[PDB]
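Chemist: Based on these hints, arrange chains B, C, D, E and F on the given structure of chain A.
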Amino acid sequence: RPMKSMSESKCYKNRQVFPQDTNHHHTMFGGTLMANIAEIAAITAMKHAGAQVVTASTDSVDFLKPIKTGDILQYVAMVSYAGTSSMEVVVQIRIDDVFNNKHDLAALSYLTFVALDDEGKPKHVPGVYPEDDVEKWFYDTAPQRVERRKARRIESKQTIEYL
Amino acid sequence: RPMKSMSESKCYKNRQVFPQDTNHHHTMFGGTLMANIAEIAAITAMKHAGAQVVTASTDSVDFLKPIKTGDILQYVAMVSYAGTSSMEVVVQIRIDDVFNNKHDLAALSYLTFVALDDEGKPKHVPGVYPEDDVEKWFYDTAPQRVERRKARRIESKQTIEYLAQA
Amino acid sequence: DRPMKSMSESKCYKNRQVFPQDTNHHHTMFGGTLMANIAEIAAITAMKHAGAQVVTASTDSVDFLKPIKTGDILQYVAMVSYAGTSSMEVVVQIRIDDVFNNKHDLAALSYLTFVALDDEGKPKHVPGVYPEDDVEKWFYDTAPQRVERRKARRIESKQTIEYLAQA
Amino acid sequence: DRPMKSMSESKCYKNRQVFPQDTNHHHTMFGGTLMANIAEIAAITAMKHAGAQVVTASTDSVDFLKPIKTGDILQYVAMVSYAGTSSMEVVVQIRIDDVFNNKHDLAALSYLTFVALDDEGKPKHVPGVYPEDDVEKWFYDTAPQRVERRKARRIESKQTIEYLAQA
Amino acid sequence: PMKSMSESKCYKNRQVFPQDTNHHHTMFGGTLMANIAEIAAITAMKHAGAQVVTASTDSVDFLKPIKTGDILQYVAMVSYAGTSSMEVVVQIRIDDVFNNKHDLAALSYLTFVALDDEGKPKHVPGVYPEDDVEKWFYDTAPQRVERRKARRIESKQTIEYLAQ
Amino acid sequence: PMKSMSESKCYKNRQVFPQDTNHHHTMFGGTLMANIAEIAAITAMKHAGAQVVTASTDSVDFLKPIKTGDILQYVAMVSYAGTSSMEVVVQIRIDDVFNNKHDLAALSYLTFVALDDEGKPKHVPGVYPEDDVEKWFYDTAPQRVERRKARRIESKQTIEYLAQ
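Order-wise, the sequence lines are chains A, B, C, D, E and F. Take the first sequence: its position 104, counting from 1, is numbered 104 in our numbering, and each next residue is one higher. Position in the second sequence (first residue = 1) + 1000 = our numbering. Position in the third sequence (first residue = 1) + 2000 = our numbering. Position in the fourth sequence (first residue = 1) + 3000 = our numbering. Position in the fifth sequence (first residue = 1) + 4000 = our numbering. Position in the sixth sequence (first residue = 1) + 5000 = our numbering.
Just chain A, same shape as in the assembly:
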């Protein structure tokens, strides 16, 4: 019922790609990218929920452009869907070319968080609303992802129990 804009809890992270973050080929390790994604996303989720949160799942990570040593990265995270106690966080990862001022989308990720109280049970969260067109796009496309995620949870119980 109480609502927050997607911008209210929007978090940023600017990082330079150092040799330690890459492979022998000068390409950023996917694991490192995902670690950063998880960090920034968790912070956005805490901001939105105004509470501690736990990562329920990584719903996807798409690697669109290779990231090279010395690149400057901008991570942008915001909530695109608010369930009863849960939040979908969308993270955009862009390559920032400072010499000719271009921004290129290098990766895209969706994660799901659950808000938890002192006691550790699911806490209700505020809803969310977009204010500009990009925000509007992620918001409008949230339902498809939520449906698909539910089906995939079904399949996961089948698999876990088989094991």
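Check the hints yourself; a few may be wrong.
[Said to hold, decoys possible] Residues of chain E placed beyond 12 Å of chain D at every Cβ, according to the derived structure:
hint, residue
1, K4067
2, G4069
3, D4070
4, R4093
5, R4152
[Stated by the list, open to error] The calculated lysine-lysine pairs, modelled on DSS-like cross-linking and capped at a C-alpha distance of 30 Å, are:
hint, chain 1, residue 1, chain 2, residue 2
6, C, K2158, E, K4120
7, F, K5003, D, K3124
8, A, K65, B, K1121
9, F, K5003, D, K3158
10, E, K4064, A, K68
11, F, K5067, B, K1068
12, B, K1102, D, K3151
13, F, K5120, D, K3066
14, B, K1065, A, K121
15, C, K2158, E, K4122
16, C, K2103, A, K123
17, B, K1150, B, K1123
18, B, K1102, D, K3103
19, A, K121, B, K1121
20, B, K1123, D, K3005
21, D, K3069, F, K5135
22, A, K68, B, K1157
23, E, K4067, C, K2151
24, C, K2137, C, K2151
FYI, nobody ran anything at the bench for these hints, they're computed from the structure. Ideal Cβ placement from N, Cα and C applies to all residues, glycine included.
Modeler: Chains B, C, D, E and F in isolation, oriented as in the chain A frame:
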């Protein structure tokens, strides 16, 4: 048409959960788990392809049970589906209780890799087959995941194109 | 400095949670980790502003004002507060972000100086800088005294170097 | 006698690729990084065998047999090759794995000693160990001489400590 | 109670590995400053004989670029001792082992406060120089201390202004 | 041509932080071994006046467990100089600043080979002790070196057995 068992390229990783891998709650940071997952899965994909690989996508990571400091983790990675040039890798993450000989499934992840030749174009990979019941389960359930992953890639393209315009 | 940029144009952010690895024995953030992050974010702001590769000439100061504990959420904000011919003062604010009551407290404050370099590695001219809001105004207005101070300190350092060189 | 465990039962694996951060300037793996990974995998194997918390008593040796380059894929295999009353010798084999030609070469070899501890921090009896194949048999058969040298080295180490306490 | 600058003098020899560098094959500054902070904290603990906290980094001057595979020697000592506070100076040298050379690659000044168990400021011993370089750092300390006190005052003004 | 054990002696003071510890608040053995390798490699380079490679870790003895917040002092020196090879001994002490005490927490012996530009074995200067402790490591070194060479034979047998 050349084939490999899921066992042939199966890779293991045993790690203990140390304070540096944890958050304020003593729980393992999700990012660290995902980094290790990516690492072990890439190696499995290389073994199978007998070639260099690139991560196309993380199809999912399900966090099923929380992991505490001092837990012993076993990551198992194997190929569950082999397309023409692509591989689905499944990673099981288990908590190994050595005091009570149990393994409990703590996380489950699916990633997609593309094999590349020296020039960097997509390379054909061998097909894959299961030998035991668990391998059989992951192998049999792979097609559903592949169909859904294709639909999701279509929508992802829609989103990318939209951000390109806007 | 005739071409100009606002302090906002090159403003960089960094949101990070304080994990055990970032701490020391006392649950406090190690100063070194803080300074490493500060260096990274400031270097990026300087690159954005200069539109060129940069080198860190000096860390002019880091003031630790409020202790930072594990589980705190930090927000690093970096921006250019002064632009010489080829050099830039970057100011970094480090705030403790309380998400439970939506407050911010300034935990640390840092000033660094960068030089822009062209492909030869020679000093490159940079755009000047101007403030748009009151905080930006504060740092911009107080920058000249810090710059004067940095220029004196450059001399003192060259000397410590020669004195140690002879002996 | 006592309960026994096969060398295979507590066998632990670790597959890791050699990335720039794990390297020295030469593009060769840093010895320290290798020893860290070795110690890590070895402790887990020892824990599995003892079914208890363990402490590292000593690294008995690390032999660097083949240089390791960036992009090499390593397989660490760890197993208990000797079990004393409360102690375990763990042997770690480090192999370079070549996917292109499907061959394995022994790049390093290490022997460590662990002591099992119960909740009190007292030495706990551990199960004995037995081999099932030729490789396991080899490390098992060659264990006594190594255990002997570790013991002598414990003696002289005592000598060194006592000498240094005096001076 | 007094101590010489040498009594608490600490050393640290470290090699510059790829993980410590930037894209330029040059040492990442942040890493340098982390090492500086660490060794300085140790020297401060030895002088104070107590727990310390970093009050400020007063300066870090990057004088020569540092490369991968270079060997660094960090030297830290107390150059000024106030009532409860200590200035630590850190010299960072590139140690050329092929022909016994030392080149000063970086120079840093940090200020620490000693804290007793209550977490309150603890009195520390004063300090005295014994050789020419120790004397140099000692004698030139007052300018740095005055600078530090003024800068703390201005930091308080900034905190006040940012609060509103 | 000769060098004293002190000439190439290297120091390292480091504090034990949570990230360097296992679950019991105790320092991870692996981290210790990494630091030992680093400092020993530097000492070997100074003595040899050349690039070096680690041939073997001859031993690491953990004598005292190391806890969070402890200050460690690593001391490395050459205790033996062969034709092209060097034994380096590393002492790891716990530095108590409250009681001006040093307790030996760990002890390690390593072997290095000096390499020329192309990576062929290079002759190194010999080594000599000047005080009693240096003399002790020097005098006890030959027995350890014989042990190392023998262990190379045993390793040779093991590698060849694995080849079949």
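Chemist: Look at each hint and say if it fits the structure.
Modeler: Hint check:
no.: 1; hint: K4067; result: 9 Å, violated
no.: 2; hint: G4069; result: 3 Å, violated
no.: 3; hint: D4070; result: 9 Å, violated
no.: 4; hint: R4093; result: 19 Å, holds
no.: 5; hint: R4152; result: 38 Å, holds
no.: 6; hint: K2158(C) - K4120(E); result: 37 Å, violated
no.: 7; hint: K5003(F) - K3124(D); result: 48 Å, violated
no.: 8; hint: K65(A) - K1121(B); result: 15 Å, holds
no.: 9; hint: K5003(F) - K3158(D); result: 29 Å, holds
no.: 10; hint: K4064(E) - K68(A); result: 27 Å, holds
no.: 11; hint: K5067(F) - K1068(B); result: 21 Å, holds
no.: 12; hint: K1102(B) - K3151(D); result: 35 Å, violated
no.: 13; hint: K5120(F) - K3066(D); result: 15 Å, holds
no.: 14; hint: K1065(B) - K121(A); result: 15 Å, holds
no.: 15; hint: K2158(C) - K4122(E); result: 35 Å, violated
no.: 16; hint: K2103(C) - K123(A); result: 21 Å, holds
no.: 17; hint: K1150(B) - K1123(B); result: 20 Å, holds
no.: 18; hint: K1102(B) - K3103(D); result: 34 Å, violated
no.: 19; hint: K121(A) - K1121(B); result: 49 Å, violated
no.: 20; hint: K1123(B) - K3005(D); result: 44 Å, violated
no.: 21; hint: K3069(D) - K5135(F); result: 38 Å, violated
no.: 22; hint: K68(A) - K1157(B); result: 23 Å, holds
no.: 23; hint: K4067(E) - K2151(C); result: 27 Å, holds
no.: 24; hint: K2137(C) - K2151(C); result: 22 Å, holds
The structure is inconsistent with the numbered hints 1, 2, 3, 6, 7, 12, 15, 18, 19, 20 and 21, although it conforms to all the rest.
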